[PDB]
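One structure is given below, represented as structure tokens, and several questions about it will come after.
One protein chain omitted, others in place.
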Amino acid sequence: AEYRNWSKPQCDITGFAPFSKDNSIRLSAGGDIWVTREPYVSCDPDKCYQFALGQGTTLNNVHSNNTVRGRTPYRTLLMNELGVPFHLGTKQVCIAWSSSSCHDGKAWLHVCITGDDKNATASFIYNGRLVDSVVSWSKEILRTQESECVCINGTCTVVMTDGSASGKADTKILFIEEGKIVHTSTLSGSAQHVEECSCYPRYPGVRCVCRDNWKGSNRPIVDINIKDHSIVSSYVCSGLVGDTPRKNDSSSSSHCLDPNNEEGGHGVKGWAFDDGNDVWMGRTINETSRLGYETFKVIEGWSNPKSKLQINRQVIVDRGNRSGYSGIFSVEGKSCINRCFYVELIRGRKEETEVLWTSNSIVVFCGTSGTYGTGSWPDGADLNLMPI
Amino acid sequence: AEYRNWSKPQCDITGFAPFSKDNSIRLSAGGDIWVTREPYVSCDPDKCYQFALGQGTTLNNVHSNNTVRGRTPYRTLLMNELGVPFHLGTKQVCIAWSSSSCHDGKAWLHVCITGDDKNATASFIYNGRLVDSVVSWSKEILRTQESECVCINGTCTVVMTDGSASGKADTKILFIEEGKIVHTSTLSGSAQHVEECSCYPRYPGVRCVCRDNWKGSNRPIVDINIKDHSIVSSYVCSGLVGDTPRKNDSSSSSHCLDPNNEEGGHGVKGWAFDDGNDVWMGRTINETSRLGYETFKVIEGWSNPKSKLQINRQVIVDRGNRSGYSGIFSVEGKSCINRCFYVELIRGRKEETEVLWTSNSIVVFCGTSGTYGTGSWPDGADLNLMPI
Amino acid sequence: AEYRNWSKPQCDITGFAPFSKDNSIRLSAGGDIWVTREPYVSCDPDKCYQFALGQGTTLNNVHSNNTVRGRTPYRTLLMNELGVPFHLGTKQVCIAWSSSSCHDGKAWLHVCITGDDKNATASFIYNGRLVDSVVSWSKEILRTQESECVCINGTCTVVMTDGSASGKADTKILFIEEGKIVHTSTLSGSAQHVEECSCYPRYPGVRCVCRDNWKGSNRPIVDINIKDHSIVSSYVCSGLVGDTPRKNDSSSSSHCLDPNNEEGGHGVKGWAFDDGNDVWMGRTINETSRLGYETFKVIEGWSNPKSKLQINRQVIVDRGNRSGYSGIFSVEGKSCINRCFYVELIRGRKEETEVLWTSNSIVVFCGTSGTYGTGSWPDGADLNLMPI
Partner (left out) sequence: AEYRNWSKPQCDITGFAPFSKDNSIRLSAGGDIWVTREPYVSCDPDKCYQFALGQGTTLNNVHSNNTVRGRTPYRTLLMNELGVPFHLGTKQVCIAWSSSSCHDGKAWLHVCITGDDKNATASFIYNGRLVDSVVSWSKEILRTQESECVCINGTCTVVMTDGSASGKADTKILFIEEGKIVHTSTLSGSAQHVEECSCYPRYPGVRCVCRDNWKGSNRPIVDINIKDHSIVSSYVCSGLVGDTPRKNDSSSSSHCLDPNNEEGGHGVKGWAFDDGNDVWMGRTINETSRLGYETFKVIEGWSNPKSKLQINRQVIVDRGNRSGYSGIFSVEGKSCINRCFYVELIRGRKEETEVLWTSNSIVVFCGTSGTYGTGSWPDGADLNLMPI
């Protein structure tokens, strides 16, 4: 085994082809399936895994009540091969209400945060042993990506925040060799509020498209130099913006350097990536709530903050159906690195009151240089007909 | 590992011996089992896998209601080792209401079609990653084999159809190397309507026995040349016909070049293969609906449309029990390649109205050069006692 | 991977020590467990597996009513690692209402009989594929060991029988190289009725202790010579006899050559093995029923049909608890071949009417050269309380 360098060009991408879907909530109506949220996909050199933070209970279970709450001591990082639903034989790989995982080509890293809000612990697990931990620095919800970290040459980088979800916070970027923290750099550049980063390799470094939970409906971008540990940061230029909430396409604007200040409060984890001066991105279809999901390419969207020229829209989940988090993951091919993404399909509370629980299922798409058509792959469960 | 060439002669067949049976519906009255249809079997160099298209629900479950419907966004391809029932830990390998898979010797290829009826997408997945896709070309249910594809020296071939199910359609033969579509031939020769091909390697090429849904109750054959990508086509000569519906053994007739026009409308997926000038084949026992299943050899049935002389008949499923799709798979022995087949056992709607679901179990048999007896292996579930 | 040849002397044995227990019936009161009978154990060069003949249903399931019936088309051979009970992701490896399996050093052989009573088929599955098959020769319930077959230098051997359960029958011994029946010797010697041989390697040949269902309560021995294919047979001398029914310890008698003729009709599968002129053996504790199970050594019991001198008795199952079939398997150690045995713990119909089903669980012991205490390890389910 050798380390992953990801030293290959990014695949041509004309859009995205259907890759996976686990019908988890549908299955949980006549089967024992975990209650989860904040899923993500990451792959080893051979195959892909679906990860999620479980709520320490199955769906049909009295303990599914109040799973709307996102940090308890019962939450663990669940790990299956992609498309194996989270049944009872699933491995809980660490204790976590916030995580990130990646494979460096030799083994798995998990970064798992659990504990008190004001005094959380991050565990660093490499090759199924605990190799390090770090305490919260700002004593206010230590939290990380909820999607894959990125390793190059045996150095994994990951992005962590501690501090306000509505004001300056302390974002750091950790550099990990075999589960050992070898460096911590602090967020630098003009990105003002960075959460829940979707990172992807972009040799020779990593790039991340995050959530601005404070004053932005544009998403931040963090670049990480893996060799000198330097950081830079800014925002996705595209005039069509990628956060929810946001302003409609006719009213919306952006900036390459600052939060656009447009319905900036709150957000949702999402992703984007560059393709020369254009940008690929997904977002909820509905501007104010997490309904629907679509991807498109904004032409000049990476370098021109006035560009509102999209093409190649695909509906992934139609606007009448629920979405949630999304994130990127990268997959090595023969000649090129491909880009894929998952969409968390959230069902239950608070939005939907006919059940007492909150959970999700997922749908995953991947980049293609070929052709594709259309459709919509929502969750599909009838909550009117699920357990009392 | 090495590429499969299939470059050994076909085994002697004196008939087929019992190989596998999953008792899926019988288990689902006391277990969480998937609801499926369009199953099939394919094997890697070491062992055999059973596939089916899920309905994104288990049987005992509110979402099993109305799974008579064959194309929904919830359908996925399920893959277990052969003889492992589709329990809740079964892997969904891709999104699909129509699929074909095969192993080229080094890795699996899955061909997976989902999306809108008029704008469906085929995904190609190889060694666990999405390598290609293609849009529907004629905007009318892009569909494929529902049984193993076939790979020779690195090149996998698959047959796909887009268009009318009761008139001319556009059928093509894709050539795929490591999941990459490298060439695309159009259906050629005298086969007028082609669906749901059962293909096998017949070195140096591939042969398929398909379902003419339009004007034939005889079965199309398609020869695919893997090196120059050429395609010839015709019908199964044998005067005993393999489609359902069809006319009885007395009235029935055929033709080597054209559909017979005998209750030719509609059909059922099936197989047949050549043994010199004789043909081994299976079919439902009943002439007009999917009841029973039988196999025999027709002496000169491969090459003489007037041949109505069968021998070595075996009842696989008796005429009072439901049957369904059936297809071929091939397995490499020490010195020869063998031919096996599965038979889908369909239970539920529309035919059986005591339940709201439609699902199936499978039985599987393999070519033997030894001797054998008699029996019947139906589904064995009591729908009158089932999860009501 | 080399072929096993068992060319090491038998281990010293002082008795047997607890090895494994699957608690299958106790679990199926609150989970999905298969209904089974006719279990056995065989091991690959690394680990052991447990087998049984499924009834195509789980216990808590409408389909388990009437599982007293030992031959249906829904029966399949189950295979897990030893100690993994037969839950829903258990692999069915073949269609079988009678079977035998073994591993030859490189791969599994499985011998699986199913079909009509009057015309059953044996299928021979090696290294994942069907390689051969035979019809019933005498058209009366073709059947085989229900326990491990034995392979030496790549030749496996299995004893099968076709014919009357209660008068002269046709017993053959097949030799199988890589799934291929390379020879068939007919039964020869003194043994007059032979069923369910529990065989073991005894380099350079194989030995079996069987069940006489006709006029013997002494158990038959069958010697199989693997190079010349010759067959001798006789009975186990011991004045203490293995079969059930039998006459009590005071009244019983035996013969090194002929059925002893005492309550001989009917029987139960069991085992014994020589140790110089002494014999190790197990048997039920009730002389008339499949209640309890014991093992002891009979001093000179292997060459003196007058020896009723036992020692080293162990109760495996106490006398007020149900037992059933029992069988030997062999396990290669560093310097010697050890011998072990399993005991089928039959619960339900017809002997127990609180339930509708019939099933078993199993307990497994292994030869020890060290020391050991006492106990009882019954099935332990409360049928007064199980599923309706």
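The first chain written gets the first letter, and so on, giving A, B and C; residue counts start at 1 in each chain.
The rule is short, and it goes like this: a residue touches a chain if its C-beta (ideal position, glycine included) is under 8 Å from a C-beta of that chain, and two chains touch if they have at least 3 such contacts.
S.K.: Under the definition given at the start, what are the shown partners of the omitted chain?
M.R.: A, C
S.K.: Touching the left-out chain: which of C:26, C:139, C:180 or C:247?
M.R.: For the chain that is not drawn, the touching residue is C:26.
S.K.: Looking at the whole complex, which of A:23, A:76, A:304 or A:330 touches the chain that is not displayed?
M.R.: Missing-chain contact among the listed residues: A:76.
S.K.: Using the definition of touch stated at the top, determine which of C:89, C:128, C:301 or C:327 touches the missing chain.
M.R.: C:89
S.K.: Using the document's contact rule, name the residues of chain C that touch the chain not shown here.
M.R.: For chain C, the residues touching the absent chain are 17-23, 26-27, 29-33, 43, 46-48, 81, 83-85, 87-89, 331, 333-334, 338, 340, 363, 366-378, 380-382, 385-386.
S.K.: When the complex is taken as a whole, what residues of chain A touch the one chain not shown?
M.R.: Interface residues of chain A facing the absent chain: 32, 54, 56-64, 72-74, 76, 88-95, 112, 114-116, 118-121, 123-125, 127-136, 142, 178, 181.
The criterion applied here is as follows: only the chains that are shown with their structure count from here on.
S.K.: With chain centres taken as the means of their Cα atoms, state the distance from chain A to chain C in Å.
M.R.: Distance between chain centres, rounded to whole Å: 55 Å.
S.K.: If you average the CA atoms of chain A and of chain B, how many Å lie between those two points?
M.R.: Computed from C-alpha means, the inter-chain centre distance equals 39 Å.
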